Every structure is written in structure tokens, then in C-alpha cells.
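Protein chains: 4
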Amino acid sequence: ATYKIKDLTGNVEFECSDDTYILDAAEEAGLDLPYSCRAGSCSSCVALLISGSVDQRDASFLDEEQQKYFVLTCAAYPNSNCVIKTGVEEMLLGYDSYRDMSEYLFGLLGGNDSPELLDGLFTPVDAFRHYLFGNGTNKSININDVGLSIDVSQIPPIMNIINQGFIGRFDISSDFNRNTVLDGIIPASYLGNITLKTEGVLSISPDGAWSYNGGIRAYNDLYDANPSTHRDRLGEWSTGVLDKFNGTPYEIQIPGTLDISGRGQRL
Amino acid sequence: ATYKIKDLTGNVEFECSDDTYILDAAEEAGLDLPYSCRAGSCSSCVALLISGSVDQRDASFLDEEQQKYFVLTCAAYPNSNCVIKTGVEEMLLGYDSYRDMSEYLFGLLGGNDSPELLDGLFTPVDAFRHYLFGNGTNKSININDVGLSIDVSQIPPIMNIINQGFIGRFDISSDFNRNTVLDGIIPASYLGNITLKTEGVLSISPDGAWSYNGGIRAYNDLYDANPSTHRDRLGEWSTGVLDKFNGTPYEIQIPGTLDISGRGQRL
Amino acid sequence: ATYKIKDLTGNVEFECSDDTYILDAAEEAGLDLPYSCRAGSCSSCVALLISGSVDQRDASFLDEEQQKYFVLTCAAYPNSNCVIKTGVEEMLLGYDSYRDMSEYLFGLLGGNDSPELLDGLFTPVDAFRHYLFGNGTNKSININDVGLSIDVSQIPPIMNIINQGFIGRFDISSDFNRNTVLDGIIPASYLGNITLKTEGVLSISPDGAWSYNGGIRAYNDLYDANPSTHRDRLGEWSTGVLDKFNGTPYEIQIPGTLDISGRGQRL
Amino acid sequence: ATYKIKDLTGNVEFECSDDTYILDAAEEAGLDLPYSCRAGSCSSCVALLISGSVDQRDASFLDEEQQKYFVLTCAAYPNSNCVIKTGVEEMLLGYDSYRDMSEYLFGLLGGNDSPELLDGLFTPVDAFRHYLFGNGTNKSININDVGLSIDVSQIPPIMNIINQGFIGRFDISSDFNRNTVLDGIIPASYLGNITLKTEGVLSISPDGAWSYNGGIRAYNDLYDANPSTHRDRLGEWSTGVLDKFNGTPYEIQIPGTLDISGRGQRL
Ligand SMILES: O=S([O-])[O-]
Ligand SMILES: O=S([O-])[O-]
Ligand code: FES
Ligand code: FES
Ligand code: FES
Ligand code: FES
Ligand SMILES: [Cl-]
Ligand SMILES: [Cl-]
Ligand SMILES: [Mg+2]
Ligand SMILES: [Mg+2]
Ligand SMILES: [Mg+2]
Ligand SMILES: [Mg+2]
Ligand code: NA
Ligand code: NA
Ligand code: NA
Ligand code: NA
Ligand code: NA
Ligand code: NA
Ligand code: NA
Ligand code: NA
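Chains as they are written, first to last, in full-length UniProt numbering: chain A, 2 to 268; chain B, 2 to 268; chain C, 2 to 268; chain D, 2 to 268.
None of these hints come from the bench; they were simulated from the model. A hint or two may mislead.
The list treats identical chains as interchangeable, and a pair is accepted whether it falls inside one copy or across any two copies.
[Unchecked claim] Straight-line C-alpha distance at most 30 Å; calculated DSS-like pairs for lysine-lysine:
1) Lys245 - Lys7
2) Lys5 - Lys86
3) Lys69 - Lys86
4) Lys198 - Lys5
5) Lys7 - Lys198
6) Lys198 - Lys69
7) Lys7 - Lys69
8) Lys5 - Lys69
9) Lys86 - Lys245
10) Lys7 - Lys86
Please construct the entire structure, taking both the sequences and the accompanying hints into account.
Written as C-alpha cells, this is what we have:
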């Protein structure tokens, strides 16, 4: 019947019955896959065939060997659920053996895992491992799982209003920097400084009593610390590793909203 | 509510309700976990809280930020599935920060991965990565998913019978070695030589016509290749990785039965 | 060893070592369970043994069959963690079988569940089901989750001051009625009219500019509507239900504080 | 991280990630839901937000007031586990009050309880209440918590071998029926007859001494007794409750393995 296709390029999954070409099913789901011709006679749509059976008798550009490892998405019907990696044109031309592509494949594992970072004590070293071997695919951790303890008095753009003596009702919509050292050793060992945004209402009475009610969201944070920072957060064993292995920066998505409330009395 | 508790100390999983102290449940399952005071007031039962949430109000002494990274198995109620590492009294007694334990945690990162190996082009590199990060924990792959293509003619303890000229009905129960180079590049790139066992009935008629009906099962395969073998299977990149990061041997369980039938004519 | 005892009367928990009678351990932690003889010689201290194991060889009043379901707290040592329901002296005095205490035990389930009301569109019917089967135990919902949208113009004790032409600074501390129809159909469908309290400061300048800044808390609300009101709120089916099944009133606790502020100009 | 979305239209329950729209996550699960646009524009996606919180900022159609009760599922992220009902669109007319849905929602209130049955004296009445309000969702209790006391003499497929006079070593793999009246009043009051399976080795020496070693597992049990059985197990009160509120059969999962040993002498 219908089989699921996972494209490791961007970690997207789309349905495809056994009478639809893989490329058309992808476009049907709004996906912009590569193609030049559309008749099984070039390599513009070539994808790695990581796992699954495909019927590509319509394919003519790949021979018998390449068909064991690659698939023309415009000319192939699925026979099972499939994993593919689109956009690997340079690979097909230079392909020699499994051996010669195994390092590239080992590098795809990080992106094929769940994007969600491991929790607890694993989160910072999971982040560092993905830096070493993940080749830039995004990871994620909900803002509610990061372990932040944000007090209103730690939010400069709100305290900026309070401390200038203003009185009244203020619609807050501000970015601010959060040094997660204030929050705990776990977030401080892979996130460091992060950019947050708060939206809400600050009320300040004639006599300086204030309240704030709103939410906090987080921008994606770029994991690209230098070795000196890795040494501060993880220790000099990280420096010995980075002396031999280069990291690849990637984004940590931090979805969700953190509710925030606070009250105080000025001066 | 019961939850899953893995102790990467010996990689054992046991059941524990939200009313059971983790030390008691593990003692139920006959496990030998460290303890001394059994009263929430010493460092002998302390495990790392690598993942999960717990109820440690009877713990008392932790109290500090310590409670987010340590758990007292004699006085803790599981509020979730938990990865824990017993035997860390030394880290509790003298950790300054995450810096001191990050390298230990890093090497343990695959210790709670699912056992099933990835399929297809991923299987050999998945097996290699688990060698580096798996903490010696089991992987598995069904014998029907390995990609084995065995003819009876490649089974010596059966062919040894046919070629001696015997005539009759043989109950076969024989181990034999299988070099999966014969089966394909994928199994050859992480299994190499495996030991199989076949059980069945071999019939040889007076005129030399023969047939065999049976099954094939596989013993657990130790993944422990030396650097030369990895260099052959994967290439020279594997050597730099293995030098810096250490491999821990683990077993690949190959459950299931593979059916086999064959027939021929001796002369 | 030392164990935990949970008395379903109030859902109170306390410790009890294996060499302390349940009753004594309860008093040593501030509780006040019934007793008279304190010598295993009546039913003043009897409790249902929901679960757990006790040594009550000192318990004369209970025969072996009764000791499967009941425990004399002055005569029993905990062998394990225990859930009990004290004060059930009559239950025993009429006991004959599990069958004959099952309706009573069913009526304890509502009190045993979490006291927080379900959310959203389940809140009004969760409240009605607890009315039917909860036998009077408290429920709760945080004032912030009720769905109140209160404007100072809806608070008569504040508006009465402004509307009389007064000028100055008023310390406010007043109860007032909140018809939660003003707030939304969910609160209107189980809370109806509730009593709130506000404390804060009303300042009215000579030119009639005014502002109010304070907080709002909620008294416990007694859920005790008559069938006419249930029919208004839930529909005719509730009258069919109430024609065969009686409710028991219970209090809904509404903890927390809401921030309130308002501004206006009298002319 | 990832939340359970439960849709009342099919009693279906499917995961949805914090960064994924509810409709997309439903499409990936195997579900078919209504969709006309996908920019928050129409109402074909609209669902009733029964329980939980969503982020609907991308959505444009619904007013701030309708967002309290309605969710555009192609444009909404879950903030929490959610209960919705898809296949709604007419209700936006404003011709359905809370009164019109209240009886429906009341009847499935137990449908999101955790699956583990309560222990001890509560188990039978917990099972009965789930029959009334659980909407057919599963419950569970570990076989080791049920209170079974099975002796090998009560296992007919083992005694059958012993009693025919056989001598040797036998692999046992046999279903058999257990009337839990044999085990205790609690299991007899909600499980009744259950089907179990035992796997193990029975050895019988020439002199008729026998030993059995193995384990026992339980099949899922359907809770669907008729009003007569409920009266016998709980009493007359259960019939009036059952008449008014009605039962929905559901399965009780009984996981785990119960170890069993027997020793005897055939003589
Ligand atoms: O600005 S927020 O959506 O990250
Ligand atoms: O843990 S690393 O330094 O091999
Ligand atoms: S686009 Fe040319 S082969 Fe598919
Ligand atoms: S054994 Fe001492 S704290 Fe647990
Ligand atoms: S007080 Fe009399 S039996 Fe306990
Ligand atoms: S399909 Fe139109 S808003 Fe969802
Ligand atoms: Cl995969
Ligand atoms: Cl309060
Ligand atoms: Mg950062
Ligand atoms: Mg091998
Ligand atoms: Mg009221
Ligand atoms: Mg049954
Ligand atoms: Na959000
Ligand atoms: Na929050
Ligand atoms: Na439990
Ligand atoms: Na080396
Ligand atoms: Na106002
Ligand atoms: Na329950
Ligand atoms: Na058998
Ligand atoms: Na009903």
C-alpha cells in the first residue's frame, strides 16, 4: 500500500504509495527535492538508499552496482518504508566501495537519531558529542526542560523601567541575554549565554509596587563555542579531543513558552 | 506506577514502583547494590542521576543543588524512568562542578541506547559507534535481517556427510563457521566471521540424490575487532577515532531462525 | 525497619518503625486518631487495611477473617508500607464480606485521586462527578487556572468610592461577589457566583485621575448547587441523574493570588 | 518535548512534538483529519480544545475568545498533553452550548487516568469505576501484584502428563484457565476467570518423583461482566449505578512473569 519515506536531508518524512514516484510524493507534501530532467536519465535527483526496497526499473542512469546504494527519486517506486539522503550527487560520481563511504555514513548517524537532546547529566556531553560527529544537524530541547529559574529581577529591560521610577502600565516585548550560570551547571555547560524574549505586562503603582505577568521564549542557540570555552565548561580533556577532532556548529532549537510572574516593591 | 531503572553499573534494568525505594526493588531482583547506613545519611548507596526524576525528601543530606545530579537509592522514589550509575561515592564526596564528571559521562553516552541495530547501509557504522560509546551493552539484529544467503553446499558438516558416500537419513545438529563475506558487504563490514548452528534432516537416496530441510540459528557475536580489521572494513579514518576514543567490546545477539532447504545430486 | 503509613482520613502520611504501634507513631507526629482502651480490646482504633502488611498479634478484638481487612492501630506493628482508613468503627461492626464494604470503598476513590480538578471543558463535569461520588472531600484549582478576567470596573467596593467623588489615597481590603458568567462558560458551569477578596491601594487625584493596584484572592467555594441550578448549567440529563443519585457538597479550594490593576479618569 | 494528543473522534492517541503542528503529527501517525487551507485561514481544521494548552499565534481566524475553546490544528503547537475532538466545524456557528456537550464529556471522564489499577482493597472498585467512566481505555496490573497463589497441582496440562504415568523430561508450553476464586476475594471480584500460560520444564524420574520449574504469564482480560456478575461481586448497589451510567468493556493488561516451582511424588 503506502510506505513512509524519511529524507535525512532536513529530517523530513513523507508518505508514498507503491504506484507513486518518490519525488512526486515529496512534492505532493510540499518538499523541494533536487531534479533536472524527470525521466530517470540524470543524477540530479539521486539519493542514497540507506534502507528499504525500491523498484527503479524506470531508472536508466545508474547501473547494477550503484542501484544497491543510490536511487533516482523521480523514477523509483517504493516496496517498503525507506530511508534516503537526497542531494548526494557528488557521492555517486566518486563512489567506490562501502568502505570508502563509511566515514560519510558514520557522520549521518547523529542526524538520524532523535533531534531531542538527552536529558539530565547527559545533555551537555550529548551536545558536545553531536558537535564532534553530527555534521551540523539541529538538536532541540524544550525551554521547560532546560532547567531555567528566571526571576523578574534578573530581567534587565523590566528592571530598567522599574529603576527609573516610572509609574503606570507597560507592554513589555524585549529580548534579553540569559547567562545560564544563574540557572545550574547543566545548562551552563552547553548553552552558556542564550538570548531570550519576554512578552507581558509590567504594572507599577504610584507608590512603587510592581507586578509582571507574561511569558518567555528562546531563540535558537548556536552551539559553536571555542576550545577555551569548552575547557571552561567541560575541562581540558575536551581540549585534548578538539586538538585532533574538529566540531561542526549546529543550532539547538529551544521551543515552548516559559510562564513568568513576579512582584516587588521599588525602594 | 512502576518505571524502568537502568544501572549503567553492570547495565541491569529492574522494576520499581513509586512507593518502593530504588535500593529495595533492586535487592528484590537479586542485585547487589552498594549501601551502608540504609538511612539517607551516608555516601555509600549514592548513584548518579543521569536521567529521570525522583522523590528524595527523606534524603535530607543532598539538599543542595546536589539533588539535581545525585540520587540515594535507599531513600528515593522513582517519579519517572531513570538512568542511574551506582558506585559514585567518590564523585559525591569530591565534585566541584560538572567539569569533573563530564569526561566520564561522555564515554557512557550510548549506554541506554535501544538494542536494535539500524538497517541497511547504517548497520556497520552503527555497530562501530556503539563500540565507542555503548559501555559494552548488547545490540541485536534478527538473523532474518542480517542478509544471509546460505546454500546447503556451503555447510561443511552436511557436505562432509554427502561426500563420504553415505546413504540414509541423518539428523543434523552441527555448529559451523560462516564468513559473511559470502553474504554481502554489509554483514562482512561488522560481523565478519560468525558461528551458526543448523538442525534438520539430511536424506540421501541410493542413487545419490539428496535433500536437506532445517533451520539455522546464530550464536551471540562479540564485536571486538582490532584496529587493522576496522581499517579493512571501514578505512583509515576509523584508526584515528579508535586511538582517541576507546572501544568497549559488546555482544551482538542474533535471535531468530533462518529456514533452509536444499537438494542436489552426488556423483 | 521504619515504614510509611498513609491514613485516607485527611490523606495524612507519617513514619512508623516495625517496633512501634501504628497508633503511637501517629500521635508522635501530631495526628489525633481515635482510641479508648489502647489495649487491643475494642473497635475505637480500628481502621480499614487498604494495603500493606501488619503484625497485630496483640489485636484480640479482631478474628482471623477480620484481620484481612481491618487493623487495630493501637495493637499493630507495620510489616510494610501501609494505606489505612481510620475511624471506620461501624464498618467493622457491620462487616460480613468484601461485597458488603465495596460500595463504601468505591466512595473513597474520589478522595483518593489527586485533588486538582481536571482542566478545560472537563472541569465542570469533573466537579459534578465528584459531587456524585466524592463524598465531600476537597478539590482544588489554582486561581490562575480558573479563567477569571476581572476588571476594576467590575469591583463595586472600588467603583463605589470613585463614583462618590472622593479624592485621596484609600487602603482597600474588601470582599466582593464575582459572577463567573462574566468570565467564561467553564467557570460559570461549576463555580457560578464566588466570593473574592481584594487588597491594594486606590489613589484618586484632585482632577479625578485614579488608579488601583493590588491583588485578588478567592475564598474556598462550596459546591452545593440545587438541581435547578445543575439543570441550568449542565442540562436536563443532570436532573435525570439527580433523580436517582444524591450529591454530597464539598469545598473547591482556589489558592494563589491574581494581580489586578486599573486606571481611569472621573469627570 | 513530545506530548500525547488524544482525539475523541476515534478514541485515538498520537504523539506530537513541541515544534510540530498537531495536524502534521496526526497525518504522520496514520490518521486522516480535515484540512482546507494551512495558514490558519479557514475552519476545516478546527477542533474542540477539551483539555490542555496550545500555542496558536500563527493562526489568524479565531478570535481571542474562541481560542479558549477552539484550536486550529494545522497552525497550533501543543504546550501540554491535549484532549481534542476533530471533525468539528459547525459549532463555530454558536448554536451549541456547554449544556449540549456536558453529558458526553461526563461519560468519559476516566478516559485519561493512568492505566495502573489501584492496589489492595481498592482494585475491584477501581476496575468497576473504570468500567463506568473509562471509555474502553486499557488498565493494567502486574501479575505479581494480583495476589495469585498457584500450585502445580492446579495446572491441568502439567498434571495430565504426570497422571498418565510418563517418565522423562518434558518441555511445557500450555495455556490453562484460572478461576481466581482460588487465589483470593480481591482477584475474584474483578478478574474472575482468566487465561494464563506456563512455560517450563517438567522432569519425572522412574520412581515417580517430579519437579516443575518455569514461569506463568497472563493474557489480557476483558472486563465486561453482566449486571448479574457485578451484583454477586459487589452487591445490589452496583446494578443501579450500572443502569444509569453504563459500562464500556475494556482490557486489563496483566504483564510480567510469575515464577512457579512444584515438587511432588506420583505414587
Ligand atoms: O520569538 S520567539 O518566537 O522565539
Ligand atoms: O574520553 S576521551 O578523552 O577518550
Ligand atoms: S531528475 Fe534526472 S534522473 Fe531524476
Ligand atoms: S545507604 Fe546511606 S544514604 Fe543510602
Ligand atoms: S483502642 Fe481499643 S482496640 Fe485499640
Ligand atoms: S485547514 Fe484552514 S486553518 Fe487549518
Ligand atoms: Cl533509520
Ligand atoms: Cl494561597
Ligand atoms: Mg549559547
Ligand atoms: Mg564476528
Ligand atoms: Mg459558587
Ligand atoms: Mg475475567
Ligand atoms: Na508556546
Ligand atoms: Na511554563
Ligand atoms: Na503503585
Ligand atoms: Na592512532
Ligand atoms: Na477599568
Ligand atoms: Na483510580
Ligand atoms: Na505442554
Ligand atoms: Na450518563
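Query - Earlier hints that do not hold, by number - result: Those not satisfied: there are none.
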